[PDB]
Amino acid sequence: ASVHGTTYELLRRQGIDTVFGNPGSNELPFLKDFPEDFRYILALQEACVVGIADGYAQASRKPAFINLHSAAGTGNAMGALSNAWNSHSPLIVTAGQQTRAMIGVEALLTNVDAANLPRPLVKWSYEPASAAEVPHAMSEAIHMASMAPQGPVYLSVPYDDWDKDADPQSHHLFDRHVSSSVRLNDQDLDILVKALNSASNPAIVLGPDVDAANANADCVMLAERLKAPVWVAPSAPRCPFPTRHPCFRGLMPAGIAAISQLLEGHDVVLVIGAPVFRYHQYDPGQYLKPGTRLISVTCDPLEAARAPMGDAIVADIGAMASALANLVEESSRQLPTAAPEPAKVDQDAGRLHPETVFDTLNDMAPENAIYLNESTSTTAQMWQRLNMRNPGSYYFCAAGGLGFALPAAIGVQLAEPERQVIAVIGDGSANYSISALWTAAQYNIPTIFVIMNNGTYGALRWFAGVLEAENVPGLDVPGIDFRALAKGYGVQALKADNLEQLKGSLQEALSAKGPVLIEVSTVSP
Amino acid sequence: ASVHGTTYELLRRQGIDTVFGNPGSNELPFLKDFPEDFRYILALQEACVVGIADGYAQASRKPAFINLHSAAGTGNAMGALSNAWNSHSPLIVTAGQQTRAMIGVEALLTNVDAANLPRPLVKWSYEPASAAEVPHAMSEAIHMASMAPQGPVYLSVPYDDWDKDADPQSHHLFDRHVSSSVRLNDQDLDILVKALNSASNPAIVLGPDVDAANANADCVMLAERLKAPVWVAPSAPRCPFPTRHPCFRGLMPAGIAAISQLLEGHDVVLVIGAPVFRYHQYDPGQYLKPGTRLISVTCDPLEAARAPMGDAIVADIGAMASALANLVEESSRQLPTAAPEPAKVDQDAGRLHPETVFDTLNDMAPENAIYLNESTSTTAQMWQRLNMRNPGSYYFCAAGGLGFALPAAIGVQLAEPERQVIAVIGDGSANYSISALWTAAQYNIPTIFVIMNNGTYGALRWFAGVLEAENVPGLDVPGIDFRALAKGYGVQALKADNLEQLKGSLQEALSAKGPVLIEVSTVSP
Amino acid sequence: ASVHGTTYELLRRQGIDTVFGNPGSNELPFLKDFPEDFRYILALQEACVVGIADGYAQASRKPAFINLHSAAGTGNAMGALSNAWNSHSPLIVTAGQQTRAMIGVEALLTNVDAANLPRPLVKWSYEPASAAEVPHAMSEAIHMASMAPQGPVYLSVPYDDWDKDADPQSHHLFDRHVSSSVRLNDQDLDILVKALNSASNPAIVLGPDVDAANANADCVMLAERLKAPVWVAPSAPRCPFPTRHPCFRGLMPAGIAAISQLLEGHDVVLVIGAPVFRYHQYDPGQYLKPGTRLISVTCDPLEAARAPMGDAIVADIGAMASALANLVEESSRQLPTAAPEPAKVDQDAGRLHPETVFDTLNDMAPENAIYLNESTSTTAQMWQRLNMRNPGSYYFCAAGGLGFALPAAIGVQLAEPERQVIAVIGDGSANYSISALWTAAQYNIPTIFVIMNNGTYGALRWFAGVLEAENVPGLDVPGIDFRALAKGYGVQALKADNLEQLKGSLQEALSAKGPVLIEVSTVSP
Ligand SMILES: Cc1ncc(C[n+]2csc(CCOP(=O)(O)OP(=O)(O)O)c2C)c(N)n1
Ligand SMILES: Cc1ncc(C[n+]2csc(CCOP(=O)(O)OP(=O)(O)O)c2C)c(N)n1
Ligand SMILES: Cc1ncc(C[n+]2csc(CCOP(=O)(O)OP(=O)(O)O)c2C)c(N)n1
Ligand SMILES: [Ca+2]
Ligand SMILES: [Ca+2]
Ligand SMILES: [Ca+2]
Ligand SMILES: [Ca+2]
Ligand SMILES: [Ca+2]
Ligand SMILES: [Ca+2]
Ligand SMILES: [Ca+2]
Ligand SMILES: [Cl-]
Ligand SMILES: [Cl-]
Ligand SMILES: [Cl-]
Ligand code: NA
Ligand code: NA
Ligand code: NA
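Chains as they are written, first to last, in the entry's author numbering: chain A, 2 to 526; chain A', 2 to 526; chain A'', 2 to 526. A prime marks a further copy of an entry chain.
What the hints contain is simulated information worked out from the structure, not anything from laboratory work.
Note that CB positions come from ideal geometry on N, CA and C, so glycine has one too.
Treat the hints loosely; a few may be bogus.
Computed, partial: chain A to chain A'', Cβ under 8 Å [stated by the list, open to error]:
#1 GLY105
#2 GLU134
#3 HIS137
#4 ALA138
#5 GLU141
#6 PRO159
Here are the simulated distance ranges between beta carbons [unchecked claim]:
#7 A'':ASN369 <-> A':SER199: 41 to 47 Å
#8 A'':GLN262 <-> A:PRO479: 55 to 61 Å
#9 A'':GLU107 <-> A:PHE39: 28 to 34 Å
#10 A:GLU265 <-> A':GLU37: 43 to 49 Å
Produce the complete structure using the sequences and hints provided.
Structure (structure tokens):
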């Protein structure tokens with residue numbers, strides 16, 4: 002067998018059937034004779050290729066396979082890899098290299114020092130020392146991306162390798178199963194359960210790896226048994242809990258002092274599936290107040306090591322959430338009462354307040370909608386105003402890197418064809434990966450893109466205002482016609498300058514058979 | 002003085018007055034109180050920011066300064082850095098880091114292991130160990146980018162550093178001058194000159210560092226004295242010689258065997274300012290034929306070390322070209338005769354042959370036009386059909402990384418406001434950095450963008466056809482309306498479906514007062 | 002031809018005829034059929050292998066070739082590589098890798114991520130992508146080590162490559178000549194010469210690259226014409242000037258404030274072949290005083306970029322020293338007067354003062370002796386008390402890394418068989434690379450090793466005393482019998498407990514036909 006044949010067999014035997022790509026000449030010997038059982042999803046720039054694969058992997062809860070062109074294609078994807086690293090996304094990134102005979106002389110399209118290029122944003126990065134090694138290297142890449150803590154990996158392959166003979170012992174790779182589905186040993190788990198049962202005022206904090214594990218329902222059971230309030234850890238890349246459940250208390254502020262103040266009076270704080278903590282603004286103070294102790298359950302040794310406080314347990318989030326949910330006592334305390342609905346903000350017949358937009362989306366969207374957020378000045382409002390009952394209902398760029406939501410929303414919609422995806426994206430953010438719209442049009446992936454157009458980088462302006470920073474350049478982005486950009490890439494486009502038009506545009510988008518972009522005129526910040 | 006004040010003084014004292022950027026929160030303390038004598042050029046995505054800075058640096062022959070946001074912004078620029086590395090572009094890339102107090106915990110927007118992120122595509126990469134060190138680190142970055150062989154460098158700065166007190170000894174940095182303007186010692190230069198004077202049939206090969214050095218006119222004198230034919234080294238990022246001078250022989254094919262065959266019968270081949278050689282296709286054979294020896298003059302030790310044949314001298318291209326041009330004898334051989342004009346290809350009243358497009362551009366464009374090429378299947382035609390008399394008249398992505406020409410054409414036009422820039426870009430290539438159009442519109446930088454629309458990745462299809470590679474996915478890019486994309490970003494747009502319309506569109510574009518995009522319907526390959 | 006045959010031919014054609022090594026199984030296919038015209042120098046640990054090669058390369062002024070075993074052997078050499086980096090030593094370090102078929106599975110003796118292992122202490126680090134590429138990679142390694150600024154490089158080779166067929170085009174590598182023998186262009190050199198001619202009170206500072214270039218005699222002519230005092234730059238790895246010439250002023254103190262004070266009143270300070278500056282102690286103050294400006298000539302862009310003050314020129318030290326020495330005017334100022342001889346320190350009939358040891362070495366050693374220093378608390382005394390008239394007469398660990406002088410002294414003695422090498426090494430320093438003594442015994446390389454035994458890490462104790470640092474552990478090294486260690490490795494050994502015995506021991510050592518170790522009882526600090 003050829004390296005090509007053997008590698009596609011390994012991929013299908015390991016459950017991979019889709020290649021997200023932007024092709025090039027070093028990759029043609031891989032992509033030729035493309036197997037009939039595989040599908041190729043083209044995007045026009047590599048940040049888009051990786052963003053689409055990333056949303057697809059996060060929503061499908063399985064690895065996604067990517068093929069890019071040498072150094073320049075890999076390099077165009079590195080901002081996307083920064084997000085994938087922080088969201089633990091299992092991405093197998095492959096890139097074609099020059100023929101082995103011309104690497105030394107550095108022919109055009111040589112990826113120099115290739116394994117170093119994507120570092121430090123990958124778990125594993127490698128170029129094989131021979132063609133026959135390629136299937137083994139691919140196997141090692143698949144398992145490195147898929148084992149906890151999941152994350153992106155990188156494999157560089159010289160283009161002449163694909164047609165060479167494969168090692169006949171490569172078949173032992175095809176059906177390997179690798180498990181990291183582990184939980185704390187019985188004795189120490191009994192100790193943890195006793196600490197939770199004994200707490201007078203426990204609190205629970207959940208992060209993105211809960212939603213990645215589909216541990217959401219077990220976390221609901223855990224919170225109900227402990228009669229405990231539940232927050233989402235700051236800078237949240239995913240939504241790990243039903244946002245109108247009585248225990249839910251919302252998104253934590255991303256500040257040291259704000260979080261210790263929030264947790265004051267809670268004797269035991271159980272954090273599951275989050276870093277401790279993804280702070281953002283510098284809000285110095287106590288990490289925890291006297292009387293509070295913290296216990297973190299994380300799938301990632303790096304998270305356990307870097308936490309500035311608390312104990313930690315490194316284990317699988319699905320297995321730990323299920324064990325805790327089923328082992329803890331039912332507390333005799335009263336169940337927390339649900340937060341009230343957010344108030345309607347005053348809205349005239351002109352430009353839309355973001356609050357109005359979220360309230361209208363919540364009123365009209367199906368109950369199993371999936372949202373993506375890249376509208377950076379409106380995140381708090383979004384979290385308060387969208388009832389997200391189900392797992393897999395929210396995605397936000399995990400490293401704060403813009404250019405994620407537009408392509409990711411297409412990958413999520415591909416992963417979840419029966420759940421309407423609605424991406425809410427600022428006018429600034431929309432540009433970073435604008436060309437991803439073309440992939441939605443070409444494959445008829447019916448994502449709805451809601452562009453919040455306020456003319457400025459609003460979160461940055463707000464932050465400049467707080468700093469009393471004067472004379473900062475580059476904060477305004479006037480003069481972009483998003484309906485024309487959508488037309489440019491073949492996507493139906495609508496505009497909403499007021500609430501009447503927003504309602505009508507949403508009704509039309511929701512009944513459409515393809516992707517739709519709605520440009521919404523929102524109030525200046 | 003503050004680190005902020007001291008660093009802007011160092012920048013202006015070292016000739017830097019423009020910041021190319023896409024801003025973020027880690028950068029606000031740098032960008033605040035932005036000095037009145039500086040200008041900020043915003044672009045909407047970081048590949049565009051760096052591409053614009055890169056064209057500006059290459060055309061101005063001086064370093065360009067860039068400011069990006071942490072890891073995600075740096076990562077979005079890494080494909081652009083792959084080109085900048087291969088073109089020796091002097092780029093000072095700065096990125097903001099989290100406040101020093103939250104780096105350890107990996108707060109959101111921490112650039113982890115920051116100096117490793119852009120490697121291996123930078124000459125130098127660093128994050129200072131203290132705020133007071135920032136001006137010294139910036140000084141070291143400026144000189145590392147600017148010394149031969151020039152190239153991109155990277156500096157990561159924690160956002161809290163800018164407001165701290167600067168080291169009072171930082172003033173010694175402000176006026177430092179560093180020279181790499183060197184040439185081979187007299188004795189060995191005399192030996193080289195004697196070898197050239199003695200050659201029976203010399204040939205000259207010139208690469209991009211000739212145009213970077215503005216050594217073009219000296220190379221003309223050298224070729225006239227030696228009565229030698231002149232080729233441009235393969236995969237050419239720049240044009241180093243007047244393309245209708247009698248000695249000119251065109252772009253070399255990027256193949257080992259093709260080049261040795263081309264050079265057969267030439268006893269001494271003098272290569273100046275090029276790698277030996279930037280081959281592309283794998284065309285195995287002899288590196289040189291018997292009877293040919295090669296001498297390379299390069300500014301880059303890495304080029305001298307990796308050449309598979311020939312002697313080499315590592316020195317400044319400007320100084321060596323001037324010395325050789327002035328020291329060699331006038332040969333009694335006959336001057337080479339000019340190549341004939343290329344023939345007119347048959348053209349009907351329908352879609353345009355690329356040859357027709359280049360002939361029409363050559364007929365109408367000013368004699369001091371500057372061209373950029375990212376129309377990958379038409380490069381040979383372009384080189385044959387455009388008379389480029391002057392230095393600085395051609396740019397092509399030096400690493401083959403698409404997404405260069407559209408933003409670079411804006412930077413070149415900014416650098417050369419009295420030379421009309423015309424970027425010829427394929428419909429595939431146009432998407433990678435499409436949002437750069439907005440910067441042309443906003444700052445009214447009057448670049449003309451000619452989009453060659455044939456609906457496909459034509460160079461890849463052609464290469465697949467040569468490989469007899471069947472069933473390759475992802476080669477077609479139908480359904481893009483480039484006039485709508487131009488409208489989206491505020492750029493006047495025209496379409497040319499036939500020659501009459503191409504002529505009219507060019508006449509209108511050439512008389513326009515702002516940027517213009519022309520979508521040209523070209524023949525399918 | 003085989004890769005083995007082709008690679009040894011490339012080595013001999015490039016002037017390499019000696020392999021310094023400690024062998025292993027990954028290297029056996031390289032070392033088998035070892036050519037009759039080559040010689041192999043074994044050392045018992047890899048810090049010793051590299052130290053011996055390093056002294057040999059520095060003294061011979063040509064590259065040295067090293068062969069080590071995989072990761073563990075490379076790793077044992079990395080302290081030695083830290084020194085080689087700072088001394089610009091041209092070392093070609095090769096290490097054997099596992100067979101290509103077992104790299105992926107990480108068999109025992111796989112060098113994982115091999116090219117990253119020696120970074121950041123090498124100029125170039127690589128593992129070839131195929132066996133046929135090995136000769137080209139070796140060629141690129143040879144030129145990278147040998148081009149200015151010279152330095153160590155690293156090549157990892159899978160053991161199965163050596164027996165494979167070589168590329169038939171590899172012969173073009175054999176005779177390549179690469180020159181970096183360059184100097185500043187005429188116009189700017191004329192400007193520099195005029196600045197020197199015009200100076201009222203110039204000073205000259207010389208570093209190790211002067212001695213590496215054998216530019217010492219040209220620097221003498223330059224100093225005589227300018228009638229200028231000459232200092233050696235701080236932390237000196239080599240001696241660049243005759244130490245009893247009338248212009249000589251000694252080793253500069255390694256402190257910022259001390260150096261600006263020393264240079265006060267000098268209007269132009271010309272630094273040649275040194276970093277600006279290799280400070281050591283933290284002695285904050287002005288980098289230069291008002292009235293002093295600095296001009297650095299360096300072969301190393303990194304040195305020019307990082308200097309905190311002055312102008313710089315990046316060029317070959319040999320070519321620049323020769324041009325300056327021959328172009329400057331003879332000043333009418335009076336020639337500097339020679340420093341007086343150092344005084345005799347009072348010495349009783351007991352333990353030796355280091356001053357007594359150096360005075361006695363100076364009295365008895367031949368005028369063309371070569372000294373090495375790794376007696377860290379006595380460096381100033383050594384520089385004052387040894388008349389070193391000739392180039393290549395002094396070596397000190399360029400990164401301050403102990404374990405250099407003992408092996409390096411053996412390599413220097415191998416390079417200079419007619420100059421008596423005398424290594425003066427502290428009792429602490431002697432242990433780091435003690436096993437190197439065996440190589441001197443086995444090959445009868447007649448180095449003399451003078452062990453200064455004061456029982457303590459004296460420089461560290463002194464520094465602790467200055468810091469008023471109490472209760473520092475680990476400063477004493479009692480209970481080492483260096484005559485027994487010398488006997489252990491086959492080297493004749495002598496002891497000197499007083500001056501009578503020191504004189505007798507030196508007389509015996511100087512007349513010996515093999516290596517000799519003298520253990521000298523020196524005064525406690
Ligand atoms: C790749 C990248 N570049 C720059 C930034 C810095 N940044 C954070 S928020 C923001 C503005 C986003 O503007 P927009 O999408 O319009 O939303 P708004 O803040 O107006 O709600 C920017 C530029 C970033 N996070 N990522
Ligand atoms: C960043 C990047 N991604 C992918 C490629 C691979 N590639 C080389 S040429 C090419 C097609 C360019 O198509 P187009 O601009 O339409 O020009 P044409 O070949 O049709 O003349 C592609 C995708 C590349 N060189 N750079
Ligand atoms: C490899 C290495 N380890 C540790 C040190 C730290 N160090 C510098 S000087 C010194 C002591 C040297 O003692 P010795 O050789 O006896 O000379 P003395 O200071 O007594 O003159 C030490 C341990 C070093 N420079 N290099
Ligand atoms: Ca409602
Ligand atoms: Ca906005
Ligand atoms: Ca990297
Ligand atoms: Ca014409
Ligand atoms: Ca095309
Ligand atoms: Ca004496
Ligand atoms: Ca000692
Ligand atoms: Cl157990
Ligand atoms: Cl000279
Ligand atoms: Cl000159
Ligand atoms: Na190479
Ligand atoms: Na950390
Ligand atoms: Na492996």
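To see whether the hints hold, each was checked on the structure:
1. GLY105: holds (5 Å)
2. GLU134: holds (5 Å)
3. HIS137: Check passed: Cβ of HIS137 (chain A) comes within 5 Å of chain A'', closer than 8 Å.
4. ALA138: holds (6 Å)
5. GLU141: holds (7 Å)
6. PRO159: holds (7 Å)
7. A'':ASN369 <-> A':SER199: 41 to 47 Å: holds (43 Å)
8. A'':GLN262 <-> A:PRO479: 55 to 61 Å: Roughly 58 Å apart at Cβ, these two residues keep to the hinted range, so it holds.
9. A'':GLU107 <-> A:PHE39: 28 to 34 Å: holds (30 Å)
10. A:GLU265 <-> A':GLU37: 43 to 49 Å: For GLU37 (chain A') against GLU265 (chain A), whose Cβ atoms are near 48 Å apart, the range 43 to 49 Å holds.
The structure shown violates none of the earlier numbered hints.
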